[PDB]
Each structure stands twice: as structure tokens, then as C-alpha cells.
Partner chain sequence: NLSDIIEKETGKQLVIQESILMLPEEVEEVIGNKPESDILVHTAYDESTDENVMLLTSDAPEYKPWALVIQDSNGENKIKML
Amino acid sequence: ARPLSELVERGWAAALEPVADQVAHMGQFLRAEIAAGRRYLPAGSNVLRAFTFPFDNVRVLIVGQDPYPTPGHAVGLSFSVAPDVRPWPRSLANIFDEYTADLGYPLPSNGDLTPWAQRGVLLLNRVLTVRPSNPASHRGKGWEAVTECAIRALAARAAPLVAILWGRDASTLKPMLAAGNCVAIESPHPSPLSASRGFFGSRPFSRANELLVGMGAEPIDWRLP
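Form deposited with its partner chain bound: give me this chain's structure on its own.
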């Protein structure tokens, strides 16, 4: 489609109003991509899914990168995969261990994160689409401008926000949320290569919550089994 209000929750309409031209453009890029014979992975419907849940109800940002490059895996949301996805992304596996370690909970039955999303945890990738099997193929391709505005908008609100930033790529957005009512908690990426380097033990789910409570807001549920 075309007009922002028909594409995202409104309130998100407001949020992203300044990147309307920029997002609309992203469309004809994608369309142009199919036109040239190649497809993009995130999946028509889900591309902007991140922005389908209320803007004013977000309390936690988990910024990812671009989508999982393998078909049927990427689902429109950071780090989350589809429930049928069996041997799951090792990053996600690690996230989950710290998740059981951090909170009393038992290991999730699948890497389907939808419930977090619908509870005010915004799983926003920095790049919303990607060519199949070709990781990072849509970097600088226009998306960052959008996801960036997304974030700035969240920061501007009266409501408190916790941003958890996994990896240095993420950290570059620290300045981008002027920490007035925003708190950022950074750590090395849950990827296997770096996880034990300081992600594990970072306790981000509870800390995020305690931070939220510290600021007079409601904690996230987490908890998905």
C-alpha cells in the first residue's frame, strides 16, 4: 500500500510521520527488487510487523540487525523465529539460557517471541528486509533512516523506556536516545563467539524490569514456554 496510517498502528503513524516519504520509497525498492527477479526474505506482510503493536505501550527496545537470512525463519521481529523452526538460531539459544538463568523460568518451547512483542517489548531490527541467503544485503539501502526515526520517536515520549543493546552495532544508537527518561543497557552480542564475553551474566530481562519499576512503569512479563 501507500499512506502511513494504513501501514502501522497510528501513534506509530505520528512517530514515523517524518519518514513517510522515506518509508514509501522503501516500498518501490522492494517492488523493484521483485521486478528485477530476486526476492526479499522478511515477507510482505511482516516487514513492518514490528510497528503493528501500540507505540505508547512500548516499554523495552531490543534492537537487532537485519533479518535472519534463511527462508521461513525471519518473522518481522528481532531475534524471534517461527515456531516450526527446529534447530534454532544459536544467538537465540544463548539469549534463552541467560533468560532461564536470569528469571526462574523453564526453557521456552520455541523461538517464537510474539508474546513479548504484544506485551510492549519492541523487537525492532535496524534493517527490516534482506535478500535470501545474502545477509546484510539491504544495509544502507534506506531502512536505517526509518528504524532510526522509530527510535528517536520512542525516546521523545513522556513514557519511560529501556533499550537493551546487544553488540557494538547496536551501541551506535546510544546517543540516539538522549538518556532523559531512557536507559540503555549494553552488552556483547548473544552470538556464541561473544556471548560468554559479557552477555551471559548481564541479566538483561530482570534489570530491564527493575529499571522500568525504578521509573514508575510496569515491568514486562517475558515468560513464553
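Superpose the two forms; the largest set of C-alphas matching within 1.5 Å is the rigid core. Residue numbers count along the first chain shown, from 1. What changes on going to the form deposited without its partner chain:
- In the overlay on the core between these two forms, a shift of 2 Å or more in CA position is seen for a single residue of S191, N46, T52, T70, which is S191.
- After superposition on the rigid core, displacement of the C-alpha of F29 between these two forms stays below 2 Å.
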Contents of the next structure:
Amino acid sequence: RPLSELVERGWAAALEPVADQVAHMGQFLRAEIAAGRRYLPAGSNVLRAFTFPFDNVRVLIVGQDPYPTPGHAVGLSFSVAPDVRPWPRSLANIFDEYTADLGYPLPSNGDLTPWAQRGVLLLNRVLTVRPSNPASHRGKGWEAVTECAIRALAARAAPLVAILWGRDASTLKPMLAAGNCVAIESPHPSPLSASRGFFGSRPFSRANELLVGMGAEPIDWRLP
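Okay, that one was the form deposited with its partner chain bound. Can I see the form deposited without its partner chain too?
A lone chain is what you will see next.
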């Protein structure tokens, strides 16, 4: 399938260099199914982040891999469906840092769609995972697709802030070495890493000051 049938047109243009890789991933996933091994998130949500316009991304959030628990991952990193409770612990932790940093009330739910609609790309280094098996699709081919996405964001040389959460940070910073691109890192917000540097990192207000510094408009982070 042409990418323009799976992603927004600007993204289809940016990722055409890895279009065969994206097809190989779809082959890989269908092969996993044929072998009885499922993947998350849903096939139609795998490239969901690439359904919001390439040309409008001003903040790039990059995590590691999707939620491994069925019913959580939705193709926007860290987000959940609006009816989901309890929130996953990574999301709960992001929302405590959100209230500490911004002084906003806790969000009504865990649906981060409003961030995606406002120019925040919620990306993961690896876009699929096997249920109950964290990080189980590492090394399987998504890295070349997400490296293409990131470099192509940086090559626009429009103002861009990347928020890098967790262990891929030192790999991803060289990909963001370009004019009008700034990368800020912390430990990941998951249970056992968040209290080791995620909390206290103030990535929301920092991103907005870096944007304004470049002459860009800040993000309205406020969730309902």
C-alpha cells in the first residue's frame, strides 16, 4: 500500500525514503499473527502519530515502546482512550509532572489527542510491541522508520523541541543536530525510572520557553 493511504500526506512525503521498511514491518506483523503472536497497538493505530500533519510539528515527544497491556496503547505515545482507568503508571507520572510544572488541575482523562492536535508529535522509538512483553519488538526494523521521521523533522529547520524520555536519548540527540532544533532529555516516566530524574524535569514549560526563544508560538498544554 502507498504510504499516502496510511499516513497524512506531509508524513508520506517525509517517510517515502523508508517506504519499503514500513512495508516490511506490515509483513513482519502479519507473520507474527500467523505464528499466534499478537502485537499492540491496533494495526490502524500503529502509524497514528503520522496522521497529524508533518508540517505542524513543533514539539516532538519520543518514548521507547508502546504500552504492553491490551487496552492501553493507541498509537499516540503514552496516551490512552478517554474511558481508560486506572491510567497506566507512566501516564499518571507524566500528569503529576504536568501539574507540578504548569499548576494546571489533573486532567479529566488520559487522552492526549489535544496535544497531537496542537503540534506535539507523540512518537516512540519502536511502534509496536507484543502483549505483556515490554520492549519485545526492539531490533525488529522500526528504528530505521523512526530515525527517518526524526531526521526529516529536524531537516525542516523550523523551530522544533524534542523531549527525549529514557534510554534512547543519546542515540536520538545526533539525529536532532540541526538549525532551530533543540533536544532536552530525562529519565523515562515509568514506575522505576521516573523517581530517578523524570519528576522535576519541567519539560512542558521548558519546551515553551525554547520555542519562544526561537520566535515560535508556545504549546497550549492544557488538557480538559
